[PDB]
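Let's start with one chain on its own, the form solved without this ligand, as structure tokens.
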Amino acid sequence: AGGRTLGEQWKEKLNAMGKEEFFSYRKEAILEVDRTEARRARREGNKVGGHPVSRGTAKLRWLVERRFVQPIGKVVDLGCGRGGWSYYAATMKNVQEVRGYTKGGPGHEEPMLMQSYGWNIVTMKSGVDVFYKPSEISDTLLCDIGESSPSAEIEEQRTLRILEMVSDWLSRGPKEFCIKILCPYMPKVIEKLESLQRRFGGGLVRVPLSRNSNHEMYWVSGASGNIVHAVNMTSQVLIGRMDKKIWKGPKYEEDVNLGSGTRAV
């Protein structure tokens, strides 16, 4: 097929949007968690109330509850940030260890020290650029890296780089995985994904907690099916939410409770 993909058309229409229109559209009909108590928790220094460190936790929870991924054994979390995913994985029955890597530093999130349930099996290391980290054995591989750009070409290249690095870690045998695809609608990214699906399996899913201001999808081990179809479906939904007559806003949802306490190691 010649011409632009649907996702590229979405991207173009998104780039043309004015400030006010962008912030209404961003959350139109999306799923959102109420982070109010988690923000007050952060500022009180409450590490034992079960409040997630970020909105990421809820996204991994959406996926795990639908069995799109089932964390087990040694979990590696690439781009762990504050630890939203690392700490949620540590709450999972058959997870034994969680190792998170993240760059940190100015402008970026440092891992937060929490006492959510299983906190004692989490080890997050800041100051790590994963593109230069030699792969290690894992049973579960998580990766939540992807910096946005108005250019789909710049996003395409970013995504491919992630896919190349992710393929390394996947070749070390993890059968459970969950990987953010920044820009899944560009032809080269599709080509690579389709190849990766042949070798490692899985499928691409859109998480409804994602904002309409991005087209991020997760390549997850528990999913299957035609990648092109899944992607186009998302483009169509995101486009269908554009140019709304009246903005109804997001559907709110309760945040995840991660509890507290250590677990047997």
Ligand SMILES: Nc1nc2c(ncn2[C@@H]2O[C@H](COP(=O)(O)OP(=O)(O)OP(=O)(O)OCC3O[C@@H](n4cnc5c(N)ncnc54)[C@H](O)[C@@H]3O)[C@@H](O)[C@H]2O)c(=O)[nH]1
Given for the second form:
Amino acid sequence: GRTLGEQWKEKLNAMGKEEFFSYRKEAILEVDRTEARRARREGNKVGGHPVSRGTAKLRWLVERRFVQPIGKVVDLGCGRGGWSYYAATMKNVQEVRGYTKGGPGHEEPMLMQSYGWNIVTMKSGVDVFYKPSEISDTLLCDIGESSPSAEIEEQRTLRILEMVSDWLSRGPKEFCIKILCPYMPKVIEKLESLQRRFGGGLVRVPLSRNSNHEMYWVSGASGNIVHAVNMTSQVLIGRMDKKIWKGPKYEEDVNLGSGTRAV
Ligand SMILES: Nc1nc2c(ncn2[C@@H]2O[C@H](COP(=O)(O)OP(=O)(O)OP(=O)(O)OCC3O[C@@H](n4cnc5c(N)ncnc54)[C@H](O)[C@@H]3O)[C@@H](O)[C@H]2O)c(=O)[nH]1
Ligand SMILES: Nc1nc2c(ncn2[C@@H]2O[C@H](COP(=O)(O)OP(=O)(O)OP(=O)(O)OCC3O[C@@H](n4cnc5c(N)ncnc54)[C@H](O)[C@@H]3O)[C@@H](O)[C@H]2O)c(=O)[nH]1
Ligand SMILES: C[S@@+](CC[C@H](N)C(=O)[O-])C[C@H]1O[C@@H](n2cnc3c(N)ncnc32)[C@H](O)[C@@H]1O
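The form solved in complex with this ligand, contrasted with the form solved without this ligand above:
The next block holds the full complex; its first chain is the one shown before.
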């Protein structure tokens, strides 16, 4: 046969617009960004409004001890820097280094003055697939591009998995990696291998939209991957074909404050 996630991806692509858009936000957690937008507009950089939604995503993991940034932090595919700035707010972090592709169709790093910004250093024009690995205490990675093909998503995920190992072999004991397509059998066996060597486990962040099955490979987690995935697949499938769409659960975004920090 084929995996539950496999079937999810097929059932997903067969939905109408009205159904899709309505489904992808059903029962999910969502951050209110409207004030972030206002700040952005006005150019206010010291109101603690994150640069993206991803800040709230990482916060969700961190607060549940799934990952706990420490020492030198490296954020691969940092984009605007939601994850980088958030790591810089934490007392145990001393150095935040981010890398992202930039250019056409890609998010450029964004300057904010959230608490700790001064130890953040983001660099654009960098393709992590050709960037020599560096030492780190914490390794973050949030790379992964959607596609209506699960096979595409598979190989994309596999390329990512292949490359993150090199960064991990450098001894960071705290980590968080986006697995774009975790439900595919080749991805699973690869994670099964990587889990044996590096530990950790896979976790679904409820802030992620129902239109994607992304899970995060995190060092503060553990346990059976194949079960973990399937559970998420039953939830996501369980949300389909709904009667009265209740919509998302709105939460307040994280406040990263302002000002520098001496290290
Ligand atoms: N190459 C393309 N990328 C796109 C397109 N539409 C959206 N995106 C990007 O996908 C990403 C996911 O979109 P989502 O809306 O979920 O991103 P976030 O929710 O994390 O950003 P928010 O700031 O919370 O609000 C989202 C957006 O607000 C816009 N935004 C937010 N910040 C900016 C800046 N700095 N410069 C230009 N536009 C910005 C942007 O269009 C996003 O859709 C995001 O980086 C977008 O820039 C698109 O049509 N083409
Ligand atoms: N039945 C349908 N299925 C769809 C449809 N669109 C996408 N999909 C399926 O859902 C999957 C994911 O959908 P989504 O696009 O919501 O993916 P994400 O939420 O993970 O993308 P994000 O980057 O998190 O933000 C999403 C979006 O931001 C926009 N975005 C982001 N990147 C881009 C680019 N490069 N170009 C144009 N627009 C872009 C776009 O409007 C998306 O809704 C996708 O792989 C498809 O299998 C659709 O219209 N109908
Ligand atoms: C969506 S962002 C992740 C969000 C970020 N963690 C945050 O909190 O805002 C992922 C980024 O990885 C970048 N990316 C994709 N492929 C890359 C590559 N090969 N090398 C470096 N960055 C890449 C994309 O430009 C994209 O903006």
